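Encoded as structure tokens, the following chain is the form deposited without ligand BTN, with no partner shown.
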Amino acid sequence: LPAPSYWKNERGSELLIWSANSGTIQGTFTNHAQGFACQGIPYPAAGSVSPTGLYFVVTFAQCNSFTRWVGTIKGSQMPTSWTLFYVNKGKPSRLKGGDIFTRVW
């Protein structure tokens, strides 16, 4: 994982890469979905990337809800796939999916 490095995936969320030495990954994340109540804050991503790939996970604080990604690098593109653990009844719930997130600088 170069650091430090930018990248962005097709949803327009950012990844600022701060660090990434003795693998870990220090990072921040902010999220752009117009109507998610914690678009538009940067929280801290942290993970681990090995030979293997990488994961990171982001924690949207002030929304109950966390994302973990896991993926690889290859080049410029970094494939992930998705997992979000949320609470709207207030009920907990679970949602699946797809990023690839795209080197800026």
The other form holds:
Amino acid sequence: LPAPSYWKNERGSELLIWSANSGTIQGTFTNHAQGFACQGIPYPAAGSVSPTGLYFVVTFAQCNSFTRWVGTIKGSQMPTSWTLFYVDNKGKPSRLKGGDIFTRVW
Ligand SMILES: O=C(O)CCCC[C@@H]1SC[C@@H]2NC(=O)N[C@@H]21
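I would like to compare: after the form deposited without ligand BTN, may I see the structure of the form deposited with ligand BTN bound?
Entire complex below, previous chain first.
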């Protein structure tokens, strides 16, 4: 994983990877995905990269939710799957799942 580097996914969301020291990813994510909240709010991202793949987590404090992405990097493409864990308006933990493909911008 190149660091620093900057990636955007097909939904328009932005992932800035600032460092990957000792394999620990440190960066910032901002959602721009239609159908989701916390649009435009940069949140810290944290995870791990190894020779075999990567994952990262972003906590969306204002939305009472967090998402974990898991995937790999093939050059300038980073295909992933994610799970969004949220505490709903009645306090019930729930989840949603989907995919994302991030493409390197710089
Ligand atoms: O709606 C929320 O609870 C917070 C924002 C969640 C955005 C998710 S993270 C997985 C998917 N990929 C995106 O680029 N945005 C959504």
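Take the two forms, find the largest set of C-alpha atoms that superpose within 1.5 Å, and that set is the rigid core. Numbering follows the first chain given and starts at 1.
Novice: Fix the rigid core, compare C-alpha positions between these two forms, and report which of 37, 70, 61, 41 shifts by 2 Å or more.
Specialist: The one that moves 2 Å or more is 37.
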